[PDB]
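Below, in structure tokens: the form deposited without the ligand, a single chain.
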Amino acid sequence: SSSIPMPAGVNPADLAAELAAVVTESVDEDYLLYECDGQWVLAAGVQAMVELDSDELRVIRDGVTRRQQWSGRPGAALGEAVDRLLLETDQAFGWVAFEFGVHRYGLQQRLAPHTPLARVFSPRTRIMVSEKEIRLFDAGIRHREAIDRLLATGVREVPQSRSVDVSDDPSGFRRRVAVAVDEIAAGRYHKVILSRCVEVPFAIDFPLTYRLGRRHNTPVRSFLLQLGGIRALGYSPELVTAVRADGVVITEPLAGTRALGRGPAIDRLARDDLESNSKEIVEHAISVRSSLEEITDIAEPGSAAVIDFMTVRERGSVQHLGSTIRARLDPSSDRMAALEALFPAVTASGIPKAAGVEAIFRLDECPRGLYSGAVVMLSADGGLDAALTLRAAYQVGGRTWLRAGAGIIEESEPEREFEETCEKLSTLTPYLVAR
């Protein structure tokens, strides 16, 4: 229904990003493009926006802002508002900040007033691009004319990229890693993920950069957005949570990192090291055990299972150990409780997670916001899809930047941890298209 066959020789990622760039700009609207299992879903225009902050929940529709006090779990407040959105539209999209996950560990008093927790909106129109076709949902005459014009011209040539230097350490990442190593040696916690920002000294074209980077990456999900003054794109390496309409819940934790994309023989040596490395094996098994404990809080008794255990997952510039965990959502639970149970990811926080999150407040630049949070897609039939926001670029108020981190354990060395962030940054640094 309401479909256009995909033109031959055109790749869906390119056409969806082109539609996002040209159609939305012609009507000056916000958008969120989400890639999920072969479907590039362009959520165009804001019909209603849910803004969850640390001290308030706002629902903005047709110029009117409704403000709400909220108490208890952020997932319950977000869930109640998003369920209302989904009475009118089939899908809702947005982002969940890293800060959304601090409440379950009783650390919310450490958040400043007006700290963003989530931004979820119902789109006016949805354009779904796949290898087979383009499907239009609630597309008005103006948007249909804009799609027609784009299909008449085809996709733009991607210009040559512009390089960035990631070797500088202005935030003292090496020193912050050494502090964390000392705390771990003293028995404070077992692991913490610390990160560093890298400025991009020039403005980038987000849709063209998205296209270029997407051609050289194999993420589990990907996104491109322009929403409330934020531009962002990313090749999500990890699925935090997926809840299907039939009740099936999925989480796919990653652990350990070796370089990738350096040649067949060099990558094979790195793969063999990763697969048989004692430290990486231990961290991955401990992360799978944590995910299973968390999912049991929301699953039907005895339904949790590891359907793929400790296998190498290739993610462009890096490769990681990964496991796929499946469960059945208990009838007494719900998709927000499943997200709350699995958020923040171990890859975003540490072990024990409460101690890792507290250490991040002291040893990382906070609030993290989008970085190590999730980009989400929610559906009226109960669906939820939440991609871990790593391997991403951001643009807010004249500033463009990248952000990458590393899992610090007792045996970590600041130099190797800094090099690990460089390997992760290489998912984006060779593919930045200047504006």
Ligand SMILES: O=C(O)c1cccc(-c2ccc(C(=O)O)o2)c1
The other form holds:
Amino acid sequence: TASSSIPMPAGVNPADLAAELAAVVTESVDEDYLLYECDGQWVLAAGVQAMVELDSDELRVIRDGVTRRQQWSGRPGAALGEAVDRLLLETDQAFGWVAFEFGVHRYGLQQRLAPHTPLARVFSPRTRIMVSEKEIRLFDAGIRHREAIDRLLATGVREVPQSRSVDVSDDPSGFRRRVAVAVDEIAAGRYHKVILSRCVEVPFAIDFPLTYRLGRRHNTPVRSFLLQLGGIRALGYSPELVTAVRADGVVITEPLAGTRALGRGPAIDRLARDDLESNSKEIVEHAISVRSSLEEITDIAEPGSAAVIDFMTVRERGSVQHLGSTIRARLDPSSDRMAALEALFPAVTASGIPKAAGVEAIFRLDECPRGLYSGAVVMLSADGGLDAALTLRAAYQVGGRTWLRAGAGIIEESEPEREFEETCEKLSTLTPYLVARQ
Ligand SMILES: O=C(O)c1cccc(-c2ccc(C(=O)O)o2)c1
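Now show the form deposited with the ligand bound, given that the preceding structure was the form deposited without the ligand.
What follows is the entire complex, opening with the chain shown before.
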């Protein structure tokens, strides 16, 4: 099905070649794109053939300057799903992002959103370039894209420049104070856990593809992305899989809970791993989160199909390590891939426990709308597939402002100073790897 298949050159890693190709194609064609890494394939979705924009109050489908603009009601997953299924009648895959705000409708909180709040942006690409350890496959590539790959193979990948440091120690948004307020709300019995966050400004412009390459070779995320889409530049090393739906009907979700530092050498990392695996506080939070995922997944699964296939094992994520479980079910004939995403979104590590009360608290105690942060980056296929990675450990550039964003799960025993240090550990997935724009 690919019109070209080129063997991967010796000594070149696919993440490096795919991100370099995104830079070369940017220079020659100047188009929007989304690069998504999923199970050893880096798929560069290049150019926008058609775009679906789901907002809180409207749905727009834009193709070649022509817009279908429609009011929508009911579930946001049905509005997005109907438009995306339409894109996939004539193309194999669609890609994009879903905001954290897409998940508030299931809890009846959508009236709290401001008008015109973005919920999702999903596009069908003009071209797809798939890069694996074995080969480069070209789908619907015109002469400029074919010549860009030829030029890159002739020159080889660029050497990544040295990175530039950033200060994460300032607290202009009062994260420590906001954690103290959440702790008091938890002590009052309003909820059990809430995830709060803070932004850190990057006071210099970064090169997104070079920063992506440098951070990727020091991280082991479950998925990753690099994009330039409708005025947003973003990259991330997604630590958690929100949902994967396969064409054969198998649904997977991989919740994480608990955090210890990682990357401090073998001896310190082993002590942190043994503490994480045996700490009552982390075990209880992980068990509650697995029980929550199983309750959610039963609403969309064939009866008796839900199962935990890997339980409470350490998942290494670069600057941090977490407890994780892999939950599997079979999609019920009465359900669909968007209803599976809606059942599992937002993740507990994006919201809290109970999830409804965590989302309500975020509207008051966090900077809203969150947008891409704690939402998902997605890949959908014409055969029914869906892959949705949780957007944490990401960097953004919008309108000349570059920033990072990290948070923490706050419970009754949380201390503001420790939670602030925890956001610093999560920021460390990116802060040593920022390449300035040259
Ligand atoms: O609540 C937990 O146990 C838990 C576990 C792993 C991650 C997170 C979490 C919340 C926000 C971020 C981030 O901005 O990266 O990460 C929370």
